[PDB]
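Trainee: Residue-level listing of the chains:
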Amino acid sequence: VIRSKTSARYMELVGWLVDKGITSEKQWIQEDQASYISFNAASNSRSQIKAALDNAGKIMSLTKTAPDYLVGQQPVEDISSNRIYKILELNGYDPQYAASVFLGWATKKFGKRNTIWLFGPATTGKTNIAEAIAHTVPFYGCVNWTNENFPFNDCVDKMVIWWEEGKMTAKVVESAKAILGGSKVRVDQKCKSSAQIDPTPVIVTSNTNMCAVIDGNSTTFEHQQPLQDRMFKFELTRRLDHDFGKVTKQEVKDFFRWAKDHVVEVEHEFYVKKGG
Amino acid sequence: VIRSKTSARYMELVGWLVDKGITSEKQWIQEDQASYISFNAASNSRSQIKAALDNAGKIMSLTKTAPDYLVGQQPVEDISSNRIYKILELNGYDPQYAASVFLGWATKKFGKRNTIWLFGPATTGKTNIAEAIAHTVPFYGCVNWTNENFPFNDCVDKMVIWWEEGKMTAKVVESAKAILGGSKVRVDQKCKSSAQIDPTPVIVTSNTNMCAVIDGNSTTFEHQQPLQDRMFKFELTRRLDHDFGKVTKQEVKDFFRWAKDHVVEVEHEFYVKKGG
Amino acid sequence: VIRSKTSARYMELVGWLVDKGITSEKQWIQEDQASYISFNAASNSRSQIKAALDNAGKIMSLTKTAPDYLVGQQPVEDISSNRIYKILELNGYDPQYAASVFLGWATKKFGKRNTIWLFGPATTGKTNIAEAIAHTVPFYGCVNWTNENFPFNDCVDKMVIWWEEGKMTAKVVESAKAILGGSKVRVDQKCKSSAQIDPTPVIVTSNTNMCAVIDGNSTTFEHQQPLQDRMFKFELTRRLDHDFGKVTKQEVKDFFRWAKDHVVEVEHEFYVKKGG
Amino acid sequence: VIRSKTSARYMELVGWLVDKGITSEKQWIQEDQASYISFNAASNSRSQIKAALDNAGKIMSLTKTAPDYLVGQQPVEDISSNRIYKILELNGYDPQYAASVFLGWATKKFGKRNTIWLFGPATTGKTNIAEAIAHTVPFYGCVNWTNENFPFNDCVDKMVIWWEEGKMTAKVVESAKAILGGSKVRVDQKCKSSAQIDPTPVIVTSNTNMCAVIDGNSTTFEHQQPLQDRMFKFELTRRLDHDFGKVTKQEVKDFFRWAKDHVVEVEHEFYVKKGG
Amino acid sequence: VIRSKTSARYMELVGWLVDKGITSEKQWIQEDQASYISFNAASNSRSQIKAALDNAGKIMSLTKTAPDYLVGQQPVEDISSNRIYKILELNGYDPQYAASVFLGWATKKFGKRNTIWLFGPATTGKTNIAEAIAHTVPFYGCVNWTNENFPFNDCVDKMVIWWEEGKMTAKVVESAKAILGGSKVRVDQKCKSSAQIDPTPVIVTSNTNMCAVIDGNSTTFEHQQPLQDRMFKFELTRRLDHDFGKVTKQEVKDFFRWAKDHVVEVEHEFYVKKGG
Amino acid sequence: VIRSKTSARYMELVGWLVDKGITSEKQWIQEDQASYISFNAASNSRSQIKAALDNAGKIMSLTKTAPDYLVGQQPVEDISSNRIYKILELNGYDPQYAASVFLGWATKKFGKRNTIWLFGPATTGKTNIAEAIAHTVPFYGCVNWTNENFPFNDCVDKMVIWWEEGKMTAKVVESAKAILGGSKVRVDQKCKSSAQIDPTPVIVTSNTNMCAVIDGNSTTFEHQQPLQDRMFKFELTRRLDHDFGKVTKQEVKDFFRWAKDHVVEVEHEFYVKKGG
Amino acid sequence: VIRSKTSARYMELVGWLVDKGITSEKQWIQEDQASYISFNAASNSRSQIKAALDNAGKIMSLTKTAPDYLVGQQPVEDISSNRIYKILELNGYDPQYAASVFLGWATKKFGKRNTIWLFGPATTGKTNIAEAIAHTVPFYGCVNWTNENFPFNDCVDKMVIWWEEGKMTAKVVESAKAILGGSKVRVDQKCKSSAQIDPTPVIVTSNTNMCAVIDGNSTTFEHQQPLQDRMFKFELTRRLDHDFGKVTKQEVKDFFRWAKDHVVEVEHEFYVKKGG
DNA sequence: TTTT
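Residue numbers (PDB author numbering), protein chains in the order written: chain A, 215 to 490; chain B, 215 to 490; chain C, 215 to 490; chain G, 215 to 490; chain D, 215 to 490; chain F, 215 to 490; chain E, 215 to 490.
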C-alpha cells in the first residue's frame, strides 16, 4: 500500500457512502453541498468520483442490505414526534406489533413470511409512505406495469421490491411465490439474459384486492390459499385527510430505532387483528 | 478538503448562480460580460464551467423553487415606477389582493388553489408579462401544442408551467387536475419514460374561454365545475395600447418585495370581484 | 480572476471584434494578416480562437445591433468623395432626407416604419449596394427563395434581413407584417423548431412591383394598403452605367457619420417626393 | 528487469490471485475491502488492474486447474463441523469412499471415469452444493439450455462443467462422450468458431433419470450402456429439510484437505453401494 | 503578440508561400526537399503545417490574384531562350501584341474583354501550354464535362478558369457571358448551394469551332454576335511537330517580365490580324 | 542510434522471440511467468510489447523458417527417452530413414518430394503428434474444411500446412500440386484478395485413402499417378493403445538433433518399405 | 531550420531510403533488422517514421525514376556469375544488344520505342524475372485483369507497368498506345477520378500472341501494324528446366552496371534477329 | 519544468 493524502480523503467520503446510502446523484445533491464544495476544491474530474460511486454501489449490492441502512443513530425515543404512529393507532394496530413485523420482514427473521400486503382505500396515503421508504433506501425497486414480458423494469437486483397496482399474468405466478416467500429462483429477463432473484423483502403497494388475481380476462383464486401462508394482510378502513405525509428519513429512522430497542415476538398470522 | 485558490473563485460564481438564476447561456450573456472576461483570463476550457453549470441546474431543480428567486434585494418600495400596477388598477383589481394571491400561488400557501387563470381579449398584453416572468425564472415550462401525445415538450421538471392556447384531449384531463390543484401523480412521457410530476405552480395563459374544453370535435363541460375549486378566474375587459410592456426583472422583483412586506389574507373565491 | 498574460492579448483581439465586426473568417482574412501572424506566433491551435469567435458572435447577436457597427470613427466630412451621393442626387432625393430616413430605420427610431422599399429598373445598381451593406454588416440575412416552407434560410437571428426578388405565398403574409412593421412574433421554422423573430430592420431589394403580391397563380392587393403605413417607397427612374459601384465600408461609414452629425426630422410619408 | 517499487506491490496481489481464485469482480468484492482501499490509495485508474486481472485469468486457464484451488491451507481436521458429511452419511455413503472418488475425479487420476452423476429427488439440495462449488471455482461452466445449437454458453474453456436439467439432441451425443470420459475432441461453436474441448471434470447436476436420453420426441437407450463405464452413479433416496445448506469455501476446503490426508483406493464400479 | 522562435521560422515559409504559389502538396514536393528536411528536423506532426497551408490558401484566394504570381524576379530578357515565342512568330502574331493582350487579360485592364479564345487544329500543342499555365497557377479551375448540371467541377473560386472541349446547354448561356466578359454573377451549385463568381480570367481551350454552340441536338448562333465583343479570337493554321513543349515556370515568368517591361497599347479587335 | 537502457532489455526479449518461437500469447503464457513479471515491473502498457510481437512475427514469416526452430540446443542423444521412436520401430520404419526423410522435407532438400503422407487406422495416434508439431511450430497452418471456396482458413502464410480429413473439389486440384510438390503459384483467396503461396512443407494428416480423390460425388484417379512422384507414402498397420502421446517440444527437439547429427542419404521412393 | 540531434539520424535513414528503394514495409523487413533495432532503441512510436516513409514515397514518385535505382554500386564486372546471361545467350540474343535495349527502355532514350514485348512458351521463366524486377523496383505496377473498367488496379503512378496475360477491350486501345509509345494522356479511373498517365516504361509479360487483340469475342488486327513501331518483339523458342531463377537484386544491378559501362548503339527494329 |  502507498497511502497518499488526497486519496485518503476519499475514505472519508466512504463514511458518507455508509451514512445515508447514496447510489445515484439526486440523493447526493439533496443531502448537502459541502461534499460538492470539497470535490470542486480538490480535483475537477469525473473519473475518481465515478469509480468511487460504482464501487460503493457494488459493495451495497453484494454485501450491504436494507435494514442495515435503516437503524437510527440518534437516541431520540419520542413517540409524540412520530407522525406515522397516529396512522397505525387509528387503523387499529398495536404499537408493539407491526413494528416488530416489519423489523422481521426487513431483517429476514421469519424467512417464509417475508411479504407485507396493505389493504384499504386509495385515499389513505400508503403510496406516499411507500415512495418515502423507497427514496430512503439506496437500492429500491418499483414494478412498473409497462412491458408484457418485463414488469420488473426498475427491480434490477435492489433491496426492496415495490409491487404497484395491477394483476399479473399466469406465466410466472408460481415464480412470484419465490419473490413472495423469500426464496431463490432463476427467472428470464429480456433477450439473452438470465439473472437469479435473491430473497429480497417485497411489500405490495396495491390498495385493491390483490387476492383476486385476474389472468388477463378471468379472475383466478387457486393461488390465494398458499399466498396466505407467505404474506401478511394489513387491512384498514380509516380514511386520512390532508397534511398527513411528507415523511422523510429521520422519522422512519427513529421509528426503526425504537422498534429495535424493544424486541417483541410475533406469531404466524395472516389476518392482522384490529387491536391496540 | 484541500481548498486551493482558483477553485475558490468558482465559489464566487456560485453567488452569481444564486443571484439572478442562470441555467443556460443566453441569460449569462445578457447579464454581464465581466464574468466571461474573468473566465477567459483564468482558464480557457469547457469542462469546469460546464460541470458548475449542470451542478447549479440540478441544485435549483432538486432544492430551489421559484418564489425564492423572486424576492427583491433592494428596498425600493415605489408604486409609481411599477408600470404593471396600472394594468391591475385599470382592470379593477385591488392592489392588496392579486399580490397576495400570486404570492400564495408561488409559495404554495393555499395548497389546493395553486392555479391562476387569466381571461380577456388577446390585445391586452398578458402574453408579454407571461414571457417576461418565464424569462426571469431559470426553470420555466411552456406547453407547446406540437405533439398529439406530448404537449409538455418544454415542461421538463421546471418551476412554473405555462399553458398556451389550445384545448386538451380527453385522455389525461383528470391527470391535468393533479397539475391544476397542486398534487403529485405519475404520467407517461414519450417511449419507455415515466416521470412523476411535482406539485408545481401553473398559470394558464389562454386568453380564450378555457372552461369550454373541446374534446377534439365536441365541447365538454363536465370538468368545469371542479376546476372552479382549484384555479383562480382573473377576467378583465380593459384593452391596452402600445408602449406598455417590456417588463424586466427589477420591476417584478420590487413588486414581489412590496407584496411580501404587506401580508394580506386571501379568501377562497374563484370569480375575482371588480373592486379596488 | 487570475489575469495571466497571453490571455490578456485576447482582450486586444476583442477590440478588433468591435472594430469592424467579424463573425466568420472571410472578413477576418480580408481585414489584415497581422492578426494571423500574431496568432501563429502565439499558439497554434483552434480552441481559444474558436471560443473567442463564438463568444463574440453570441455577444453581437444578443446585445450589439447594426447601426452601432456603422458609426464612422474618422471625422472626414467630405461629400465629394462620397460616390453613392451622386446616385441619390440624380434619382431626386434630398441629401438631408434619405440619410435621416435610414438612420431612423437602422436605429429603430420610428418603430413602426422600419422598412425601406426600393423601386426602379434592375439595371441601376441597388443590388450591389445591398450586397456591400450586407458584407459590411457582421450578421446579415439574405432571403433566398429555395424552399417552399423556409424562405429565410440565411436569416438566422441576424441584424438586417434582405428580401430578394420573388412573391410570397399566402401562409405567413400577415406574419411578414411583424417583420415589415418592427414587431415581435413567433414563427415556425423547419421541423420541431420555433424561434421568435425580433424586430429587425428589413430592406426590400426587389426592384419589381412588390405591392403586387402574387399568391402562387393569382395577384392579390388586399395587403397593399396597410403595407403603405409600415414601409417606405423609394422609387427612381434614373439608369446607371458602368464603373459606379464597388462600394466598401469607409464610404458608407463616412456617410453614416455625416448623417449623424446633422440630425434632420423626417415626416411620415410613404411616397418619397422627387425633390432635392 | 527494472523492478521499481510500485510494481512490486502488484506481486503481493498475485498472492491473492492464487489465494482464493478470483477471475471477475464479484468474488473480489465479496472477499475483502482492504484490497480496494489499497488500490484507491495507490493509483486511481483502470488500465493496470485490468491488465493484471486478464493475465491472471489467462494463467489460471492455461496452467492452473481446479483441485489445485481446492486444497485447504489450515490443518483443521474436524469432522463435526463438516455439515455436508451428514448428507453423505445419511444417503448411505462411506466417509472414505466418495471423498477419494471426487479427489480422483478432480485430479484426473482415473482418466476414463472422470464423471460423477447424482441421482435422487429434487427436494434434497444437490443444486445448492453444486452452485457453491461453482462459485468457489474461479473458472466454472454452467450448461444453460437456451440455444438449439449452443448449450455450453457459459462453458468457455473453464475448469468444471456443470450439466443442468434437460436432455441432449442426437447431434453431438458421441461428442459428449469425449466430455464424459475425459478425452479431447474438436467441436463446433457458433459461426466461424472451432475450439478444442480439453478433458475437463464434468459433474451432471440433473436429478432426474439422465440415462433416459430423449431425442427430442423419442427416448433413446443405445448410449446408456457405454456411459456406465465412463461416469459414476450416485443415487440417494434421503430427503432433506430446511437449514441444511449455505455451503461456503472453508467447509469444502477442509473436506478436501481431510480427504487428501487419507488416500483410499477406489475400485471401478458404476452403481455405488449403500454402505458406510 | 508573443513572437517566439521556431514559429518565426514559419514566417520564412510564408516567403515560400509567396515565392512560387503552393496550394496543395504536389507542387511543394516538386519544388525542393530542403523545406521537408527542415520540417522533419523541427517538429513531426500535422497540426501547424496544415493550419499554415489552409491559411495561406485562403489568403491567396481572398486577396492575391494570378498575374501577381506570374511576374518574374530574375531580369533575364532573352528572347532566344523563350521557346514559346517561336510558336507565336510562326502563327503570325506580333511579339508586342499578344504579350500585352494577355497582360491586360490577367491584370483585368480591359475589364470587358477578359477572355482569350484559341482556334486551330488539335495537333498543334495549345493543350500542353494551357496545362503548364494551370500548373504554374496555384488556384486554377477547369470545366470538365462530367455532370449535366455541374460543368465547373474544378472551378471552385479560383483565379484562372479553363474551358475544355464541349458545347454548353441553353440553361445559363447568358450567365456564361458574365464568365466570358468578367462580371460578378450569383449562381447556384449542386444541392442548396450558391456562389458569387467574380470577374475571373477565363480561357476557352476548345480548339474546335466554339462559335457554333450546339444546344444538345441543335446548333445555335444567336450568342455568336455579342461574344465577339467580350472575347478574343486567336486563330492559327500552323501545325507543330514533336519536341516543342514541356513548358515550365521560368520561361513563362521571363516572358511575363519582358512583356511588362515594354507596355504596348492594344486596340479593341476580335479577329487578330496575321501580322508580325 | 540512441541506445537507451530499458529498451535494451527489449533486445533480451528478442532472444526469447528466437528461443522457442512465440507468435500469439498462449505459448508465451505456457512458457514462463518470469517474462510477465519483468514486463509488469518495467512498464504497464501494450504499445511496445505489441509492436515487438508483430515485428517478431513479420520477421519469422519473411525470413525464418520451420526447421530452424526445430534444432535442439541440449546435446542429449538418448534414444531410450524418445517415446515416439517406439512407434516408428513398431510400424516397421528404419531409425536412420524417416528421420532424414522429414529432415529433408523440413529443410527443403529434395525440392520436389516436399510432402509426407501418413496412412493407417485412425486409432493409432498420428493426429496427436501432428497437433504437437503444429503447437511447437510458431506459424502452423490447419486446413479446416468449413468453406466451399476457402479451405485454407488458418493457412495464412505459415510454415507448415496440415491437411485434415476430407477430399478436395475439382477446381484447384492442379494448384494443390504446387503445394504438394514445393512450387510457387498464385491462388485466389476470398473477395478481392490474391496472395502467392510459397513452397512450404505440407504433411497430409488424413489417415484414410487420400489417393481416392472424390470430386463431390464421383471418385477420381487421374491425379494419383503424378502425386506418387511428389509426396511420400508412409503406411502402417500397427495399432496403439492408451498412454502413448502427450508429446511436447523437448522430445522432438532431441529427435531432430539426433537426426541432424547423423546424415543419411535418402533415395527417391514413394512406397516406404517395411524394414528396420 | 533547427537541426537537432536525433532528427539528424533520420537523415541517415534517408540514405537507406535511397539505398535500395523502400516504399512499404516488406522490403524494409527483408533488408536488415539493424534499422528496426535502432528505431526501437531510439523512440517507440509510429507518427514520425510513417511521415518519413510517405514523404520518401512521394519524393520517389514525383522525382526519382526506375533506372536511377538500378545502377550498381560495386564494380564487379563478372559475366560468369550472371546467371540470367545464359538465358539470353541460349535464346539467341547478343550480349551487347538487349542490354542497351533495356537500358534505353528504362532511361527513356528512344522516346517512342519505350516497350519491350516478350514472346515464347510459358514454361521458360520470364514471369519469375518479371516478378523479381518488380520486387526490386520500389514503385512497380501489375495489371491484374479483375475489373471490366479498371485493369490497372496496382498501376497507381508507379515506375514500371507490367502487362499480365489477357486481351484488352476496344474501349481504351488507342489510349494504350500512349502507354505503349511513351506519351502523356488523360484516362478515366473509377468514379469521379481522372489522373494523367506519365510516359512510364512498360514491359508486356504476356507469353502468348499479344498481337492478336481479341475484342471480347472477335480477334482484331488493325492495331498490330502501328504497335510494331512502338514496341520491341523479343521472341524465343528455348525451354528452361528447373533451378534457373531466384533472381535477386545484386545480379540485375551488376548486369545494369556492366551494360552502362559499355554503351552500344541500337537500331530501330521490331523483330530481334537471332544472332549472338 | 512535468508529458506520453
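Simulated from the structure, these hints should not be mistaken for lab results.
Hints may be right or wrong, so weigh each one.
Some, not all, of what chain A presents toward chain B, calculated at C-beta under 10 Å [said to hold, decoys possible]:
1) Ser218
2) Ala255
3) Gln262
Computed footprint of chain A on chain G, listed as stretches where at least three residues anywhere in the stretch have a Cβ under 8 Å from a Cβ of chain A [to be verified]:
4) 248-256
5) 476-487
Ideal placement from N, C-alpha and C gives every residue a C-beta, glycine not left out.
Trainee: Honestly, which of those hints from before does the structure not fit?
Mentor: Numbers 1, 3, 5, in rising order.
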